[PDB]
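Enquirer: Letter by letter, the chains look like this.
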Amino acid sequence: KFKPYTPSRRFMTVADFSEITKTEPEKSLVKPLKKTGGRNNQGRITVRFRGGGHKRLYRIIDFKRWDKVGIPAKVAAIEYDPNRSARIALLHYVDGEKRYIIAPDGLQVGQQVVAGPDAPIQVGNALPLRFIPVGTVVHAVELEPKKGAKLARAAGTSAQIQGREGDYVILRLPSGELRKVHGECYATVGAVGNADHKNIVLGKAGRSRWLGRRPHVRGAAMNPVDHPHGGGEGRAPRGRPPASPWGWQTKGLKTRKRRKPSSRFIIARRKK
Amino acid sequence: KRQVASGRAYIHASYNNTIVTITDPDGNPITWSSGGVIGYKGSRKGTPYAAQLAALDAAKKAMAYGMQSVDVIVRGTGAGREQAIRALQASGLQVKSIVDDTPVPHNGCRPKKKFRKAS
Amino acid sequence: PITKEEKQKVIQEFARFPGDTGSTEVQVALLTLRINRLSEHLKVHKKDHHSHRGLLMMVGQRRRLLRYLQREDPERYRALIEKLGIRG
Amino acid sequence: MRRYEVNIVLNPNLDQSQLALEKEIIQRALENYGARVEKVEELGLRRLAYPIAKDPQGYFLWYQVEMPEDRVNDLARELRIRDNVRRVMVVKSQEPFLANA
Amino acid sequence: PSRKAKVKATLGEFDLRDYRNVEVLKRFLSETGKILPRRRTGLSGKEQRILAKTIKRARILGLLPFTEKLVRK
RNA sequence: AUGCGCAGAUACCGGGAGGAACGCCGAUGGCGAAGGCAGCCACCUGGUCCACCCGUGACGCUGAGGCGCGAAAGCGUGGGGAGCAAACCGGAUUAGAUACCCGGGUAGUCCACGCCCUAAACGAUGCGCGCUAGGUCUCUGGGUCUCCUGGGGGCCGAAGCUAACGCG
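Chains as they are written, first to last, in the authors' numbering: chain AD, 5 to 276; chain BO, 11 to 129; chain BS, 2 to 89; chain BJ, 1 to 101; chain BV, 16 to 88.
If you are wondering where the hints come from, they were derived from the structure by calculation, not from laboratory data.
Wrong hints could be hidden among the right ones.
[Claimed, not checked] Derived Cβ-Cβ restraints for the label pairs, each shown as a range:
#, chain 1, residue 1, chain 2, residue 2, range
1, AD, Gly-180, BJ, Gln-57, 49 to 55 Å
2, BO, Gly-37, BJ, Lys-92, 42 to 48 Å
3, BO, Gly-118, AD, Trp-252, 43 to 49 Å
4, BJ, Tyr-50, BS, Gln-28, 52 to 58 Å
5, BO, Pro-39, AD, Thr-10, 45 to 51 Å
6, BO, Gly-37, AD, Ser-89, 46 to 52 Å
7, AD, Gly-170, BJ, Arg-2, 26 to 32 Å
8, BS, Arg-72, AD, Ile-24, 24 to 30 Å
9, BO, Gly-37, BJ, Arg-2, 49 to 55 Å
10, BJ, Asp-74, BS, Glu-83, 38 to 44 Å
11, BJ, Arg-2, BS, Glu-83, 34 to 40 Å
[What the hints assert, rightly or not] Here are the computed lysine to any residue pairs in the SDA-like style, where the Cα-Cα straight-line distance is at most 25 Å:
#, chain 1, residue 1, chain 2, residue 2
12, BV, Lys-84, BO, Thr-33
13, BV, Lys-49, BJ, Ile-52
14, BV, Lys-41, BJ, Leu-98
15, BV, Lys-49, BJ, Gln-64
16, BV, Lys-49, BO, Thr-33
17, BJ, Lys-92, BV, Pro-16
18, BV, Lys-84, BO, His-22
19, BJ, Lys-39, BV, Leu-44
20, BV, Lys-68, BO, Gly-118
21, BV, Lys-49, BO, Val-109
22, BV, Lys-71, BJ, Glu-22
23, BV, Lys-41, BJ, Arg-46
24, BV, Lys-88, BO, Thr-33
[What the hints assert, rightly or not] Chain BO side only, calculated, beta carbon under 7 Å to chain BV, not exhaustive:
#, residue
25, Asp-67
26, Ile-83
27, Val-105
Using N, Cα and C, we set each Cβ at its ideal position, and we do this for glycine too.
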């Protein structure tokens, strides 16, 4: 029920460089799931470019485990949703009920794993940080206990356990930074399920992108009647500005944001 | 002052500057000296001479605290590590036992040209 | 792995006569068997070019011996072919 | 099945019922794989010449036995499993060589 | 070869086929738990080899420092 | 110089993480078509040395062509970068310094699967056999093991070979 990434159509005219992926569980989801409105327009004013749609399923997923902190679960199997950067495992809880959950590193259908008060540090179970075997990996992870799985490292194979101090453990998050969460808080054990996805290649843009749902963006689009920047000519403007009365693209946003100093440091950057 | 009669004397040395320091019985220290500590700069600081001097300082201070007995820790090698260590036993202030480390590699990280010319 | 016992047992099934403690028959039985479980291994592995190689030489050897097999007599030989399976 | 000597060191700070549960795990596991002793030994607890396991001493167990060859790897992993297994070591069963005779 | 110590005659009939020989094994340790050489065990290729191997086995699981803070220097 | 440190570094102590490498032993030593291959353990494997003379019965030596194989560099996607590090940036230089030196830091260096076959690819010397003093050392298999014998490595080395080395 894993999934092929690479399959690429071939020379079926410019449908060139189209990357397929196929989770093998292929089953159509199950019983627990509604749908999302057609947002893009919202609070009934309209906003943010692109946006279009394309077919309609729509998710409900588990984001909180302490709610059975124990009932082993066995991979119902693999599958996913018209959302999320890295598929899911519909899991079965030994008590009858099941739940759509993450999809850490390639686990295995039928596999038992669970979590709570002491779970075996086997990628799959989840645990209050504290049970953090420092130097290990998780994601999903949530600071401010109860505030549900906060930091759903999307396909975000990224929760790197980095030491502890006080009632907070240190973590290396996607981004390339290290924040802190009080141990009692929690983490889904292990890592994500998708990345190659991230590399996926798609053919005739219009076709693909739109299918994605998203349409466009078109800067200093000539007639700068608005389009912040210049136009009514070839030449790329100067000032150094962006759409809807913008600050270019090299300035802050944070602030006192009591948030900030409160934890984390590394400051915002990487260097591949 | 903390005072604890015995501790460790760390003698570590480069070859254009060397260093020594007083550490308690366990591992922290209190005072020290070195090549450029000895009103020195550039080379020079890499003389068994300075060695002798900073040794000296390490000493006067050494007494200056409830200590003087010590085991010698060996780190690397200094251009005059001797004139150094001898200055050491010299001020006596106690000239106890000596430990051997200068913690060898084991082969795991090619150097810089310097000792690469050492195929 | 190399199961000496069963080995001898087949050196036997083959060596028409119980006194073939080294004969074309056996070169056959042996190089064959070996060649086979060996190769199968090769598969679930993919990279041991050195030994692949040897195996190579070996298979050659065997086949060639058979070459002669035919040379003097391929009759009894084709029977062998038969018994075994290889070259079909 | 061949025979190798099972030399494996397990935590020092152990105790009673613990010695019980994990050493027995040792057992039924072994068997489950294809193990079955030949020499049930061990020399108890002992120190080492280098603070491994963050300790200067631990408990060492040695039982040499018959097993299904290849399974070795397998159980081995099964062993190291149990945390405390400060060292999981198996060796082909040989023993001859008188030097200085 | 230099001679004033030697060891091939420290212990007689010794089975190299071991590891749990704290004592004998030790008998080649010197200071920084090196491996006291042909230069001392005066033990044929066969020897330095297998003997070595176990030396190995020994540091391996443990119980022997395969080097160690030297006290004296 | 430099760049880094009293917003305390450089040294000492404890703890954390990870990548790479693999000391003494280990050798002027070993295994491999070659390339080249090492901390130990285990899985599967191949070349290959000795002795009983037991089996078969010369089936064997050669290899144009092809077929698989392999330095390091570099490419391809997907991991990973502790250190080292063309490129780049400095600092030192001379008259000049893009390089030899010191201070930095990418790609790469490393793993998987795919791809390049590349060469002072070397012993600059194709392979297969048998004939012609000895001397010495070293590893390894068999023995009546002051040594002998099969094999394997460096050394000295009559004859002899070459324009000359030097092969032996």
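Enquirer: All the hints need checking, so say for each whether the structure fits it.
Expert: Evaluated hints:
no.: 1; hint: AD:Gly-180 with BJ:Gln-57: 49 to 55 Å; verdict: violated, 43 Å
no.: 2; hint: BO:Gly-37 with BJ:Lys-92: 42 to 48 Å; verdict: holds, 45 Å
no.: 3; hint: BO:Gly-118 with AD:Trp-252: 43 to 49 Å; verdict: holds, 47 Å
no.: 4; hint: BJ:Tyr-50 with BS:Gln-28: 52 to 58 Å; verdict: holds, 55 Å
no.: 5; hint: BO:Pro-39 with AD:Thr-10: 45 to 51 Å; verdict: violated, 59 Å
no.: 6; hint: BO:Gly-37 with AD:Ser-89: 46 to 52 Å; verdict: holds, 48 Å
no.: 7; hint: AD:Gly-170 with BJ:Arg-2: 26 to 32 Å; verdict: violated, 54 Å
no.: 8; hint: BS:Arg-72 with AD:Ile-24: 24 to 30 Å; verdict: violated, 56 Å
no.: 9; hint: BO:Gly-37 with BJ:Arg-2: 49 to 55 Å; verdict: holds, 50 Å
no.: 10; hint: BJ:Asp-74 with BS:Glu-83: 38 to 44 Å; verdict: holds, 41 Å
no.: 11; hint: BJ:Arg-2 with BS:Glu-83: 34 to 40 Å; verdict: holds, 37 Å
no.: 12; hint: BV:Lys-84 with BO:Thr-33; verdict: holds, 18 Å
no.: 13; hint: BV:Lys-49 with BJ:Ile-52; verdict: holds, 19 Å
no.: 14; hint: BV:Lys-41 with BJ:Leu-98; verdict: holds, 18 Å
no.: 15; hint: BV:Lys-49 with BJ:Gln-64; verdict: violated, 30 Å
no.: 16; hint: BV:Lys-49 with BO:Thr-33; verdict: violated, 29 Å
no.: 17; hint: BJ:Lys-92 with BV:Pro-16; verdict: violated, 37 Å
no.: 18; hint: BV:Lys-84 with BO:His-22; verdict: holds, 16 Å
no.: 19; hint: BJ:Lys-39 with BV:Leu-44; verdict: violated, 30 Å
no.: 20; hint: BV:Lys-68 with BO:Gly-118; verdict: holds, 22 Å
no.: 21; hint: BV:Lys-49 with BO:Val-109; verdict: holds, 17 Å
no.: 22; hint: BV:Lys-71 with BJ:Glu-22; verdict: violated, 28 Å
no.: 23; hint: BV:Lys-41 with BJ:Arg-46; verdict: holds, 16 Å
no.: 24; hint: BV:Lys-88 with BO:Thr-33; verdict: holds, 19 Å
no.: 25; hint: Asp-67; verdict: violated, 23 Å
no.: 26; hint: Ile-83; verdict: violated, 10 Å
no.: 27; hint: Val-105; verdict: violated, 14 Å
Consistency note: the structure conflicts with the earlier hints numbered 1, 5, 7, 8, 15, 16, 17, 19, 22, 25, 26 and 27.
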